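What follows is a single chain, given as structure tokens, in the form deposited in one PDB entry.
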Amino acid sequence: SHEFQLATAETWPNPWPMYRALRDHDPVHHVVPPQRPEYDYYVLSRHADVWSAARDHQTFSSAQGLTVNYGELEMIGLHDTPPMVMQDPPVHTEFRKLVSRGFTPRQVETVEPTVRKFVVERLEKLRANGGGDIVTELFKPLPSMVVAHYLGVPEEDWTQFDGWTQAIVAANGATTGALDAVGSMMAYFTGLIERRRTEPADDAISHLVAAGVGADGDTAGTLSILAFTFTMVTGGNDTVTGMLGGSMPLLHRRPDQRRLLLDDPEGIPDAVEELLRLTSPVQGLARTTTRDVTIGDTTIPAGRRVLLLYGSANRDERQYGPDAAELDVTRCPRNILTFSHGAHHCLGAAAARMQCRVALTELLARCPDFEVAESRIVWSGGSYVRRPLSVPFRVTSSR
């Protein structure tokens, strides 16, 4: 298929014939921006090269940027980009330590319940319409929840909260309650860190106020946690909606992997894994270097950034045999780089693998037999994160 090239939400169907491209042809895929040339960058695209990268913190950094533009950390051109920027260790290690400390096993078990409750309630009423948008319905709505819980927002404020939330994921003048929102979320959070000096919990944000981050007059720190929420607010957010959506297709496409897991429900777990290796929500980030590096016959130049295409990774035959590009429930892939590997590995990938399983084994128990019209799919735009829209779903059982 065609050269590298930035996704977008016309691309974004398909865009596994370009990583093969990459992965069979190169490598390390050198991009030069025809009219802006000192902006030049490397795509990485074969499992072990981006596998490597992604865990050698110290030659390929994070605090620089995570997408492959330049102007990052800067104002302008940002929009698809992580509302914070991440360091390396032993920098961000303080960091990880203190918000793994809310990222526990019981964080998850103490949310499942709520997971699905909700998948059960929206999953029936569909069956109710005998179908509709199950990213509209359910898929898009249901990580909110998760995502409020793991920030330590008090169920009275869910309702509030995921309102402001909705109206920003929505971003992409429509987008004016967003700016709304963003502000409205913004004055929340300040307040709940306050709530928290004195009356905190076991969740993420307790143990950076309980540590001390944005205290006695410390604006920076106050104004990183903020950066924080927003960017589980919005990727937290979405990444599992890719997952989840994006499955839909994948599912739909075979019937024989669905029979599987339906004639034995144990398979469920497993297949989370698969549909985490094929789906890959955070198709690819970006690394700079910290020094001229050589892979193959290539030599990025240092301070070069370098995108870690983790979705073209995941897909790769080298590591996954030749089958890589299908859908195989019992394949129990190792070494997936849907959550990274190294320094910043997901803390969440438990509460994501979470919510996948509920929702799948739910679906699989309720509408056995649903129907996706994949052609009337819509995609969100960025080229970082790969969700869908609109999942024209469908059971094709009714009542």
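Numbering follows the first chain given and starts at 1. Here, rigid core means the biggest group of C-alpha atoms that superpose within 1.5 Å across both forms. First, how it differs from the form deposited in another entry.
- When both forms sit on the same rigid core, the CA shifts between these two forms reach 2 angstroms or more only at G77 out of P269, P249, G303, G77.
- Relative to the superposed core, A220 undergoes a Cα shift of 2 Å or more between these two forms.
- Put the two forms on the same core and the Cα of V209 is off by 2 Å or more between these two forms.
- Core-superposed comparison between these two forms: the C-alpha position of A148 differs by less than 2 Å.
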Contents of the next structure:
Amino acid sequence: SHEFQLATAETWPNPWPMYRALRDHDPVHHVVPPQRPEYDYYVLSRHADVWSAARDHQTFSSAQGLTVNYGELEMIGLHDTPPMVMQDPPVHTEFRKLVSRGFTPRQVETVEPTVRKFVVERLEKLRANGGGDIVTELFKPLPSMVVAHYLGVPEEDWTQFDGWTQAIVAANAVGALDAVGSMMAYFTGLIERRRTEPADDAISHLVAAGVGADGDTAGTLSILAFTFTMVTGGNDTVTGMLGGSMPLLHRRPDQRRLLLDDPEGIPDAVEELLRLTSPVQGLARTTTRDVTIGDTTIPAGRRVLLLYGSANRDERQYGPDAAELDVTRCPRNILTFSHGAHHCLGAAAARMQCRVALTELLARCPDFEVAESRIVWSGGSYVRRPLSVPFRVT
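Could the form deposited in another entry be given as well, to go with the form deposited in one PDB entry?
Single chain only below; no partners, no other molecules.
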């Protein structure tokens, strides 16, 4: 089908033609749900439009939620203490500044050897077995460790934390109350510990900066909400980037050759992979005012879906071969991590995981096969990530 529809597991394999029909025939597309016309919204599919809308937080607000579903915020119950991804400046600004102190090059550097060790352990197990599900065996568990590092969770608690994490990620995709409470109990304790035993992580930095201090319960709640932002945004996305890259590389032995002969091209290749997999394929904003883009006016008070996945595939920005893998492209201004105030804090961490995974895959498992038609995609309309990638190595 080329007709716009929110994605499902069944339609994640090939959304590209429908994006292309939008970009070409209706770049400011009005969706009026036949069974709910009251809940009409707009969809932006071109790079220029998505890039500007993402930046323009004044016109395009995150404060009412990030889906196309009106009433999202009250329905999930996030009004009183909304996460940072659903705050606009100026409210968003100070917290972002404080938590950013936990997202510097040092933090990505300190976890990289741990990432590499794990990737190696799992890839070697897979090789010995002649393959297995690279998602289950590696692409799922890996990002949970990195989120744990950024939250300053002691390594000894990573297994318990990964349990809560997998429950939450599953419940959140398309429901995890024990996990939510375990996590909220664990972090209440960790926060208290960081008051006297601070490290260089985001939670420590927030505590050291006084968030939650002196009976400031709102401050403490905001740290808890942040842990949820980290778990719900830092796992499934990475798994989509890693798993989604597998078919792309498999079908292009010429592109793998480029990197096998020149492993220094791997960082640029990671950017091209982030462009094409765009794990966050779309997120919404709410207009705060009428805005006209070309011949269409979007009324104030409507949701607008920013199709990052389409923007990243826009021939107007990347040329008529936008749909193809070119590891030497060095694509600029990709939308994979958004743009503006909310630009992904975990961008460097995600890039590092991709670089390490790709590097080791090519060194350890270069003769590998993936059956694309056997990949199973997660449900949910915003993030594209596989639940299973059947993987064989010779």
